[PDB]
Amino acid sequence: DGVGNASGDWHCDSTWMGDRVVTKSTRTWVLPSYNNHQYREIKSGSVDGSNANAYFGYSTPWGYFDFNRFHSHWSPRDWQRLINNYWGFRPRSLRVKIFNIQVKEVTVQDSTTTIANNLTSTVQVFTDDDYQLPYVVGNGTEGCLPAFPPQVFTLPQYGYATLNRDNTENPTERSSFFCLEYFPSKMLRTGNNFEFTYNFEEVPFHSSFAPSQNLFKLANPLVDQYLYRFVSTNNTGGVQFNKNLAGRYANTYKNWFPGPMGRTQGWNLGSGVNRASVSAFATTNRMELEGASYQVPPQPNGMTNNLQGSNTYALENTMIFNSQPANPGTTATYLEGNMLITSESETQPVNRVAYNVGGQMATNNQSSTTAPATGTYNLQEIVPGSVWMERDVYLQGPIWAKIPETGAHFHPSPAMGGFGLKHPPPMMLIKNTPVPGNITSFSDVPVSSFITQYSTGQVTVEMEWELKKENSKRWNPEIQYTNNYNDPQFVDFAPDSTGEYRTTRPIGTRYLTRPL
Amino acid sequence: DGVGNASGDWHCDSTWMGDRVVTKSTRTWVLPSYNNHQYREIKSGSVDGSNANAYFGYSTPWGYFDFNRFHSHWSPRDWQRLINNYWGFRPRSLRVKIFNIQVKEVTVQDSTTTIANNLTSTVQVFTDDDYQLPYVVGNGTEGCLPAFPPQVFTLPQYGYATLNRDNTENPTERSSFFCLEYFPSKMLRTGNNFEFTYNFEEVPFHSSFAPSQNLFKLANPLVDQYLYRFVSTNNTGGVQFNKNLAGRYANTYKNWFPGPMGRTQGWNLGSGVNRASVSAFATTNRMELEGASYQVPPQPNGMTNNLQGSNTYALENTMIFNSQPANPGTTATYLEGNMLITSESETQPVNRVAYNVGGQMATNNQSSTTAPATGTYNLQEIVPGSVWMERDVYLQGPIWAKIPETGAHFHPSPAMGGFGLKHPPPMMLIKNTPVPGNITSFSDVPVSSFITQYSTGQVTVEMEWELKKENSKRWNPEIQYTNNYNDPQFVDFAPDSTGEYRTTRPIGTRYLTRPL
Amino acid sequence: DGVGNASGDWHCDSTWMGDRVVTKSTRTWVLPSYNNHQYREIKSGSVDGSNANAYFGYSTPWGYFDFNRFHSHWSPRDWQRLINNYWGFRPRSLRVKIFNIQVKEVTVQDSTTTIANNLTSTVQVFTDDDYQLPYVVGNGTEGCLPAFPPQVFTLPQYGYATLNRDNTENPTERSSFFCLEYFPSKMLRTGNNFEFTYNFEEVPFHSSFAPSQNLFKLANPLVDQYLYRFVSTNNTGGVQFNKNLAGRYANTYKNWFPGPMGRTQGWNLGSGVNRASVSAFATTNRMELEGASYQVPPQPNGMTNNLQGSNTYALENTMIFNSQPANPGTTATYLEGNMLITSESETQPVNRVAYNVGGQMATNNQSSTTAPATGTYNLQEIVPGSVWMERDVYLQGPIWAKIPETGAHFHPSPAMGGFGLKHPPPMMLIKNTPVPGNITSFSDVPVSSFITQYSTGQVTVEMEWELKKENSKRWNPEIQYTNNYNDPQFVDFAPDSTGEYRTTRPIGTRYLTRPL
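Residue numbers (the deposited numbering), protein chains in the order written: chain A, 209 to 724; chain A', 209 to 724; chain A'', 209 to 724. A prime marks a further copy of an entry chain.
Honestly, the hints are just simulated from the structure, not real lab data.
Do not take every clue at face value.
[What the hints assert, rightly or not] From the structure, some residues in chain A lie toward chain A', with a derived Cβ separation under 7 Å: (1) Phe386; (2) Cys387; (3) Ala488; (4) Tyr502; (5) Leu675; (6) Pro723; (7) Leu724.
[To be verified] Chain A' residues, not near chain A'', derived (Cβ > 12 Å throughout): (8) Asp286; (9) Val314; (10) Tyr390; (11) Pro644.
Where a beta carbon is used, it is the ideal one built from N, C-alpha and C, also for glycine.
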């Protein structure tokens with residue numbers, strides 16, 4: 209519309225209406241003119257002693273809007289209301305608006321650097337609706353809408369890795385270059401705005417409850433089974449049997465089995481002792497791909513990284529967040545007191561402990577001359593009649609991930625937790641349209657000098673979430689997430705004396721309980 | 209209709225119409241009177257040092273029409289048009305016609321053997337629509353419609369193995385005998401024809417594209433993750449963490465995992481060195497069934513048998529064709545220069561290398577007195593969040609396979625590649641109706657002398673295929689299958705000076721690329 | 209409309225719809241105020257030892273939009289899709305939009321030079337619909353829309369040569385001066401835009417296929433002709449004849465002849481030896497006009513500048529591009545490794561080799577006392593029953609050329625390749641409207657001082673192309689353009705580490721084959 213007329217209003221709120229909740233989040237963003245308006249082939253050979261760090265790709269002059277983290281939409285109090293009252297939830301729709309665009313021109317005349325807004329300049333915006341570009345959004349990276357509403361953020365630069373040759377920095381003939389200008393996009397001057405709507409595909413509810421029963425003890429403890437078990441052989445070798453008694457869950461016949469597991473080194477936190485001076489990398493779990501070895505945190509779903517009351521943690525099977533955002537590219541050493549370390553203990557009644565053996569199988573054929581032998585295993589995958597709980601989601605964790613397009617997959621549930629989608633919210637890309645400097649003579653060579661500038665504006669994201677009601681008959685009170693602190697010096701989830709947002713703990717989702 | 213009137217015309221063609229393509233193939237066939245009009249119990253004990261070669265079954269006087277190979281329908285040029293332009297395809301319908309039947313009577317009078325056509329003789333034809341007979345068609349056997357249209361072929365004899373006892377040649381009380389005359393069938397004299405139509409069940413498109421991205425490096429290489437990792441313990445044992453940086457794909461948290469794998473010995477081709485004088489059989493991968501050991505080429509889907517640029521091949525995880533048809537029952541030794549050896553390298557960005565370890569797990573519990581230990585594994589099956597590409601299909605490979613009827617299975621994708629069907633094109637059986645010789649006296653004993661004869665005619669198969677369009681935004685050119693030869697002495701996919709059809713290479717399907 | 213409202217969006221895309229394809233290209237342009245708002249008579253005498261370099265003309269303060277190069281509309285991948293699947297194509301319509309205009313005023317106050325946009329300034333635009341101005345667009349000059357979308361370009365200055373006297377720098381009484389202000393034009397301020405539509409006249413499809421047969425061997429090689437030939441005279445002089453046999457293509461009677469030819473010196477590239485220290489100019493092909501000698505590359509259509517597999521090139525009958533844009537007016541020496549040298553070998557089955565003799569004629573009257581004599585010719589023009597292929601078009605080559613208006617011409621097919629048009633896309637001219645500086649006193653003398661400024665904006669061009677489908681019955685696979693590189697260090701047709709667009713090869717159009 210015009211220079212002196214706002215193109216949108218500030219919407220931040222949450223509205224609960226029975227079985228649905230609508231969250232609205234608005235934030236102020238800033239967008240730098242990355243790579244000075246050009247694409248740059250980027251790459252890397254081995255780094256830190258691993259050719260898995262090798263890659264070939266491109267960086268683009270584009271930035272993107274990422275809102276794939278629960279805290280970008282949920283305030284702590286709203287998150288508490290959710291996890292303390294519902295058995296599950298799931299996203300249904302999404303609406304995004306970008307408005308109140310302002311383009312500023314920066315000039316360093318004799319070192320006084322003045323910032324003046326350029327009224328006739330534009331930004332370009334488009335969404336990759338058909339997923340024709342590498343989808344970098346569901347990979348746990350930085351640059352999402354901030355958790356605290358007043359915080360202004362910088363949009364991350366869009367870049368991607370394509371195929372690299374023989375674990376080197378070189379491309380292959382199958383490496384692909386994607387040109388973002390080769391998509392239609394809207395051009396906005398200061399009076400214009402941009403809007404976009406989307407609907408999520410049908411996905412299962414996240415399970416925000418914890419088993420109030422152990423998978424191996426579903427049988428009635430007051431009744432014996434009508435099934436018997438082999439317990440030994442007489443002095444001759446004639447097999448003998450005993451009836452499985454009531455309560456003897458060690459022997460009861462079972463219908464269902466725990467989820468798959470892959471042993472993951474257990475470490476001790478707080479008041480726990482560990483092997484000193486160890487360098488983690490060499491003994492970490494790995495998976496080989498294209499002739500290289502990669503660490504695969506947090507490991508496939510199916511296990512619990514820690515037992516309730518225990519201080520042992522299968523750290524590679526854990527989601528570990530920082531209690532605050534850190535500078536980019538830092539190599540500083542962090543200790544437990546600076547980290548938000550999550551625990552999947554709610555799942556222990558059905559998910560196997562990650563730092564223990566999964567079980568044992570028979571390793572030979574017994575005979576009059578050979579005693580039966582057994583052997584433990586450190587990994588077991590999916591078997592029929594298997595059941596397990598997916599990783600929990602957290603206020604500071606990711607919401608969804610794109611299921612890779614290959615034509616085949618099994619149980620597309622994202623390892624980092626959340627919702628696996630075939631058609632996730634599309635990439636929303638934006639960039640500052642280049643404005644050429646004083647060019648006075650012709651040349652068939654592409655212009656190189658550009659007036660330096662950056663853009664800023666607001667962004668609103670509104671999401672509707674469907675809720676699954678709690679229909680429990682438990683008589684005694686349940687566990688609830690509570691604001692429990694002792695002799696506080698500050699309020700958690702609030703700005704400090706300097707205005708920095710403080711969050712001392714990760715908030716999961718499983719407080720309510722349900723029997724199996 | 210009549211003796212002097214043709215009962216069908218020659219249809220060989222292909223018609224492309226947007227999202228569909230219709231292929232038509234006609235061929236001349238010849239049918240011998242197998243087993244001289246009788247069923248013969250067939251069997252075998254151990255052979256070549258393996259009781260897995262033992263079997264019990266029957267051979268029948270029937271022949272069958274098999275057209276379960278891509279080249280029976282696709283000409284090389286049409287195959288090239290397909291693989292260079294589409295992201296996938298799948299069969300939709302099938303129509304078969306058998307016509308222009310001619311029955312010839314052979315007589316060896318004093319060794320002059322004259323061939324005269326018997327106008328009053330018939331052939332019988334029927335299709336096993338309800339799958340009540342052993343389905344032998346999707347098992348990589350010979351006798352399919354020839355790839356080159358002018359070639360006349362012999363119909364293979366129908367036979368099957370039922371249950372054999374304790375890996376011997378003896379039957380069991382559960383062994384079943386199937387009598388093909390116990391089905392209704394059409395009888396055709398020289399003026400008659402036979403027609404049949406069929407529709408394929410809904411099946412997924414074959415993926416005829418290659419990942420242009422590595423499964424473990426989907427993250428944006430310009431942005432760090434907001435997740436941290438355990439990297440070591442201080443001189444006391446207090447765990448320490450580091451932020452996962454941009455591009456360090458060796459450490460990035462991952463959402464998805466590669467497909468399942470089972471280590472398969474890697475061998476070298478061409479300019480590669482191998483252990484000399486080895487006898488393959490003993491160290492080949494195996495699976496036990498009913499007290500016996502079987503080789504299971506080409507292994508379950510999920511792996512790549514070779515890396516791009518590498519000359520190493522997990523030969524037991526490879527589809528190996530001959531560059532021409534060989535005589536039946538040959539035991540000649542073949543070298544690489546006579547074989548069409550396929551490579552699944554297009555899948556390397558998501559399928560694990562078959563001749564390498566899959567990865568490593570933790571093998572103990574670390575402690576102040578014990579350093580953490582890890583151990584590699586040679587096989588890992590399906591885990592949640594797993595993704596992979598099925599084996600590719602080839603111009604000379606099979607199209608479909610029947611899913612065994614057992615009431616339980618997982619991801620029915622045929623190991624040899626193609627489409628797994630519950631109700632595949634039915635067996636189309638045909639045989640020469642017996643004509644008794646000069647019988648002059650009665651006997652309650654079944655007649656044994658029969659006028660010797662064989663039949664010949666044409667067969668047409670028409671298939672409609674649905675195509676999935678390529679919707680790519682890749683800027684730079686893609687790889688395409690091309691007729692690239694240097695200083696040729698002959699044209700590949702053409703008859704030679706003697707008329708024999710020459711095919712020097714296997715043509716896969718994955719040339720186009722798509723990001724993940 | 210207004211200052212803070214965009215007047216157009218970014219459209220870059222391609223849409224294939226059966227027999228048509230629509231390409232859209234948008235680019236950012238910059239326009240200098242050429243000649244400081246005035247016309248300048250320009251001229252030149254002899255230069256480099258040639259009075260053909262003499263000319264008389266004018267330079268104007270106008271710039272023009274040129275999009276007469278295939279790569280301005282086709283991306284490499286789209287070009288590959290075109291040439292690998294169609295037998296021909298042709299342009300049908302064109303739509304152009306100029307928008308998001310920004311006019312900047314430059315001021316050098318004490319050497320700090322500030323750039324500020326002048327909101328009340330205009331640019332003027334008009335198209336020469338009636339072709340009343342010299343048409344400079346179809347002459348292989350620089351300044352066309354860039355091949356790579358993100359590249360910003362400078363608009364070339366409009367100028368033309370009229371008639372010069374006796375190969376000197378002087379005008380003639382017939383020399384004409386054209387004043388561009390003497391045309392109606394639109395004036396646009398920052399909120400305005402300009403649009404224009406055009407339809408191409410009916411033109412033949414470009415032939416994007418290659419003959420799979422030799423023009424002189426169309427006869428059936430298994431059958432003799434019923435025509436005979438004179439082969440000699442007996443010892444007396446009585447003529448003798450022989451029947452033309454099957455396959456003897458050297459003697460067969462022919463119905464059709466190759467295209468016209470004019471011998472062009474052949475040079476060797478790569479591993480080929482050439483006469484050293486030669487200065488090309490003196491022995492180059494020429495044509496005389498108005499008392500002067502001109503080089504006429506790439507020579508009239510009808511010949512092939514090179515044979516398949518041969519390293520010899522009739523360089524003056526070749527289109528030679530640079531693998532990147534070079535500065536204006538450069539006199540640097542370029543070697544083969546920096547050039548994109550094209551080859552017309554696809555046409556060799558019908559176009560005569562340019563560096564060979566065309567053939568030979570009889571040069572005398574034989575007699576009992578004089579043996580028959582023959583003589584080779586170095587040039588032969590059009591004869592009845594002549595057939596040939598026009599020059600191929602290239603991704604980096606021109607699309608069309610204006611047919612000179614003289615009232616007479618033959619086969620208006622542009623030597624540089626492309627489409628010869630009588631009414632081609634009109635010249636689209638634009639310039640910065642002059643803004644006078646501080647003038648304080650009257651004078652009948654035309655104002656000379658002007659506020660210095662330049663303009664910038666976007667330009668979109670959309671073209672619809674009609675396609676001719678490939679209807680081939682060739683059995684074996686065809687040749688296809690493919691992204692085939694060995695051990696690449698960079699991706700061709702992609703920006704390098706510095707962002708510069710790299711194109712290492714010229715892509716022609718003739719990959720598919722058709723018989724004659």
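Beyond 12 Å from each Cβ of chain A'', as asserted for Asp286(A'): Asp286(A') not clear of chain A'': closest Cβ-Cβ about 9 Å, inside 12 Å.
Chain A' contact restraint on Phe386(A) - CB to CB distance below 7 Å: At 6 Å from the nearest chain A' Cβ, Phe386(A) passes the 7 Å test, so the hint holds.
Hint status (Cβ of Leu724(A) to nearest Cβ of chain A', threshold 7 Å): Violated - the Cβ of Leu724(A) stays beyond 7 Å from chain A', reaching only about 19 Å at its closest.
Interface restraint verdict for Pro723(A) against chain A' (beta-carbon cut-off 7 Å): 24 Å, violated
Supplied contact hint for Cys387(A), tested at 7 Å Cβ to chain A': OK, holds: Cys387(A) within 7 Å of chain A', min 4 Å.
Residue hint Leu675(A), partner chain A', criterion CB-CB below 7 Å: 25 Å, violated
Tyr502(A) as chain A' interface residue, shortest Cβ-Cβ below 7 Å: Holds: closest Cβ of chain A' sits about 5 Å from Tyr502(A), inside 7 Å.
Assertion that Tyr390(A') lies outside the chain A'' interface [Cβ separation over 12 Å]: 44 Å, holds
Beyond 12 Å from each Cβ of chain A'', as asserted for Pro644(A'): 46 Å, holds
Residue hint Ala488(A), partner chain A', criterion CB-CB below 7 Å: 5 Å, holds
Given as non-interface: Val314(A'), partner chain A'', CB spacing beyond 12 Å: Label holds. Min Cβ-Cβ 35 Å, cutoff 12 Å.
Comparing the model with each numbered hint stated earlier shows that hints 5, 6, 7 and 8 do not hold.
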